[PDB]
Amino acid sequence: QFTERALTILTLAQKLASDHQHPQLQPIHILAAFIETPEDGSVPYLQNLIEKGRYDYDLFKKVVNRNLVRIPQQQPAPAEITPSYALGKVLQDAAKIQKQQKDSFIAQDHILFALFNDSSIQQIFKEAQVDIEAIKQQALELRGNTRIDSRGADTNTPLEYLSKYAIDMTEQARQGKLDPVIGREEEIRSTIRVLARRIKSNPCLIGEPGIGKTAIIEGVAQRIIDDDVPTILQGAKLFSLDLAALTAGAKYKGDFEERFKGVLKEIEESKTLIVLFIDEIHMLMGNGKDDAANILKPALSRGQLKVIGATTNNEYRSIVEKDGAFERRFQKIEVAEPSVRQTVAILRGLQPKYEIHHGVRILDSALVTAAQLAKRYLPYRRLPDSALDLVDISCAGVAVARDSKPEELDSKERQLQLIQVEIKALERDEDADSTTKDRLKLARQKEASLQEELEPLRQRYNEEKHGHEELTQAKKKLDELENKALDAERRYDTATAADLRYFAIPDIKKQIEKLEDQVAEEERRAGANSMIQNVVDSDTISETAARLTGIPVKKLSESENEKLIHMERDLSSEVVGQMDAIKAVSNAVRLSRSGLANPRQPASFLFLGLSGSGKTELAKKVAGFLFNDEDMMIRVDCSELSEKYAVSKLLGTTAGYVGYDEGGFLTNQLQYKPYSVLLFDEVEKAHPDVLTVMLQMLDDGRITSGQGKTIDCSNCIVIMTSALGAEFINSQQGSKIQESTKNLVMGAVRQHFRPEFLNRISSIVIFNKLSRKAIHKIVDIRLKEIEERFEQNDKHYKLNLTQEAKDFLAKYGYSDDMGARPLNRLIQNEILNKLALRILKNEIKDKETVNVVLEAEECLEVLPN
Amino acid sequence: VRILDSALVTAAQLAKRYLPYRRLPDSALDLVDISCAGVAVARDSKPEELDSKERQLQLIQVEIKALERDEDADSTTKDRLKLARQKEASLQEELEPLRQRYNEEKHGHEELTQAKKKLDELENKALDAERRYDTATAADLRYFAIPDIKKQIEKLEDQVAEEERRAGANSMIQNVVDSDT
Amino acid sequence: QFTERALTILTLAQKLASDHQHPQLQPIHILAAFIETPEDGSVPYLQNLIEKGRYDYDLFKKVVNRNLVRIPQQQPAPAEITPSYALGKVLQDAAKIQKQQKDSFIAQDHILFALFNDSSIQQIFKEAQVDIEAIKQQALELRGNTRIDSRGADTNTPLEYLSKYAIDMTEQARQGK
Ligand SMILES: Nc1ncnc2c1ncn2[C@@H]1O[C@H](COP(=O)(O)OP(=O)(O)OP(O)(O)=S)[C@@H](O)[C@H]1O
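Residue numbers (the authors' numbering), protein chains in the order written: chain D, 6 to 859, 872 to 882; chain E, 365 to 545; chain C, 6 to 182.
Don't read these hints as lab results, they were simulated from the structure.
A virtual CB, placed ideally from N, CA and C, is assigned to each residue, including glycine.
Hints should not be assumed to be uniformly reliable.
For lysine-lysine, the following DSSO-like pairs were computed, each having C-alpha atoms within a straight-line distance of at most 30 angstroms [unchecked claim]: (1) C/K131 / C/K94; (2) E/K417 / D/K489; (3) E/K482 / D/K205.
With the C-beta cut set under 8 angstroms, the calculated list includes, among others, these residues of chain D facing chain E [to be verified]: (4) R202; (5) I204; (6) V234; (7) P235.
Make a model of the complete structure from these sequences and hints.
If you want it as structure tokens, here you go:
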């Protein structure tokens, strides 16, 4: 549909040879070559879409003779063009594809006969094929092109199912329109190398989901179109479909796979540059595995036609076992996840690319670093491409900023334009002249200069975008043009490229060089006008958070370290009482996100507590430490058991038992919180082999799943502890420290109850008895804390305080079990009880702020107001 | 390619050793495979020296004209246009036949390799004519000769194996690469 | 050709002869002139020939077009209509003007490709339909590679353009609807 693509017959008419007898001009169009020999391995040879029941048996001599049998020339260009009956018919030679049943000039096998127009006769006496009319039967095979433009004719490939075959995006690589997203390569190169492997072959992989390393693989494979590779794989290539031939790609089954299966038999035949895109045998097989046009190939693997495919993570295992004989013919490797700098390279790589769309620079550095965060913020999604998601979310946040315009006036449209509404809104009411109620005109005096600046402001992105248009366009089109240089540079072709490429590099780039330098800011922001438009990553990043959990600004705040580095001494503030644990923990803490010793290993404390006491407190505090997250909640139970753990273990079973969660219960959690800490008590009571199930949970607390998953840790953490003590727990005398007593229960219980496991394991920690003073103030701390969360404001105030009940509260404060942690209720109720009455009456929604006068207690509370 | 035995063997050993759970052939078969693997792109022609020295073109290529018109000192533009094209013309040359005569003789390998490829095929087929009974047993089997057909072989790529470029003959190295691979 | 759906605009030929029948009528007229619309015909009111379709703006060709086929000789209900000399009139002219549109079969607007030497009531630029630029050219100008599955709007290229049942947006509340 453009040029040079093909002429099925017509390309062989005068072009089967250059100049010998001057055959290019004769009555038939068959001259330079006639259909090769009497079959189509060439232009319309023998039986073809010319027709099945109508074809030229002697037409080779018949069409090619009137075509050429050439000494009708007088030179190698014996005539202007190659004029003849069919030759001068070249008006209708292209017309061979012109009317119904033919395509454009011609195409496929329909490229063969019809473009020839007159041959064997003009049309007089013979049975030879057909084009747009006589091909009505053959229009299935030699016809069916339906796309005459942008793609090379090349081999016959008549009929077939070509789009809905599959896709070689090497044509989009011809387009280039894909994304040269690179750097994890050797594996491919290996794989590539591994693709060449005889005996068995066809490696297939995968780690993280979904966006198709294939083209990625094709990328170098296009570079192998550029021929990275020895001839074979160099002479192999591939076409992408798995689905689309799916249940729409046929009415119902049975050609469905088959047409394909037949189509296999096309490609199989001395046809280089043929390899088979698959994604997922996952997608294949099934419940009631379909044989999915597939197992047959493991036979038919026999001849030729290697392939590609992808192989998930756990399920790849769930594949692996189905058949190894199946396996036995297709090679298998798998994939790793990049990150950070790896990603940075992408992060590096990409910034143009959706600038190449959305057209926004940012400093982007922190923005990069936002990823890992944002990564760590919703990392279940595929880290880079989720990080890629940010790249959107970025430009999202930008397009946010953008809307119409970037964000200044479309904002200021709130004023300047609504002040330009003030310019003409009131233009006519009852009367507007000089002194009247009609306020219209005055806005026109001011906003002009303002609304003028809109115009640069408009330009500032626009005229920059104007420039930036080309900017994106510039190397883009070089990436066309230097690919159009690269058009053939990989054949050891050179100057055809360099020809246009001469100065084209140092002009575009010079324009770039010219235009890139161009700023026209006052100096507004940086080297530009509106490009970052005024767009701050952090804030988008914030907006990211402001999409994602929000709760920002500490998430603006990160020196995880420094933040922490006080936070101990700070959360000390948060601390209820006993300090060194923190201090201990703090070490571990700092040590923790420090790591720097083991990638694997988290840390746990003996953290010997009292009910609720700090015990819970730790958790939330701890929980409150990492981030605000209260979500972080994790714990166990089935310490009660003998043989149970299924949900309680992770793995459950394989599929086929209660829930397919298989600890997904704990694991979706495990999924949904890379980073946490665990306790569960009864750990004292804990089922021992469960502790052997705990065992691994440790360094090497890495997951196993009923699907075969694996975690790592120190990601999350644990301090799972108990009380289990009494003599110390009850020790009364002594609170902090006191004696090596501490050791006794401590020394014992573990070594008493528990093995060298522990000796591996981390840390050993305790509570301390309570100090009515140290106790005391903790009182309002919660109660202080109370009014706080209240989402409303009137009263919202201090009230009682002093000591009056505090001590009643203390007298009701810690009791040798708790009489402490519960008090909240036991407190609040009273409190609730009180305010209820008042929140009933609410004598003033402000004022309030009293303290209590108050049975044999000489107590029992309430309050005046 | 060529092959050094003992490696393969010894390969198999710890192949087996280092990877038991591929069965006694298999692991080797994998070596056997993977041999060809590390071989494989190693049989890409000069993959580094493919793209490496090729650049000398593109380095000086565009400037063959892009200097022809350029804003520089007058006629020194053409000088740098000339003097690098000089080194583009010249420096190309030292490898310019040279890279082929690798690949040439590599082909000469792959040539003879195809005779290596060839011989057996026939020899197979030659010995399938034993299924032609004793009629075509030795008849064809004589026609295939081999006094020389291998005297061809290991005396042919002999030289280019014999000839070391500087050393090691082919950077193709194509042979067993003892562990390495 | 024209199409499988040619019934409608193609139905008006015997309808043109509907006064009394015809031994045949002629490809000088048909209700496809009016098509489905009571002014200029879909195309030569809007669809194809609205803007550029030359003659028969609204009532131009169709208003008086019926003079040819009106009334029978003796026809209680013997016969209706037939192209006769027009039979092959668009025959090649139906499948010629398509070229390659990314399409399937013969076109009535493809039959609208070349119009006719003279079959019509109108003088514009020729004895052919409307005036000039319409049909295959107008359609090709106005559209391409799209008609209908096996068929389409009766006689004429086709008023059908957008996806049958649309539920408006732009113009939906453009009126505040
Ligand atoms: N090396 C790379 N450099 C830059 N971007 C990359 C790179 N590899 C992948 N990407 C991006 O990630 C997507 C590529 O699809 P992939 O996801 O990498 O293929 P894949 O086989 O599905 O890997 P998964 O399974 O989707 S995570 C595209 O959006 C690319 O922009």
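**OP:** Compare the structure with the hints numbered earlier in the document and write down the numbers of the violated ones, lowest to highest.
**Re:** Result: no hint breaks.
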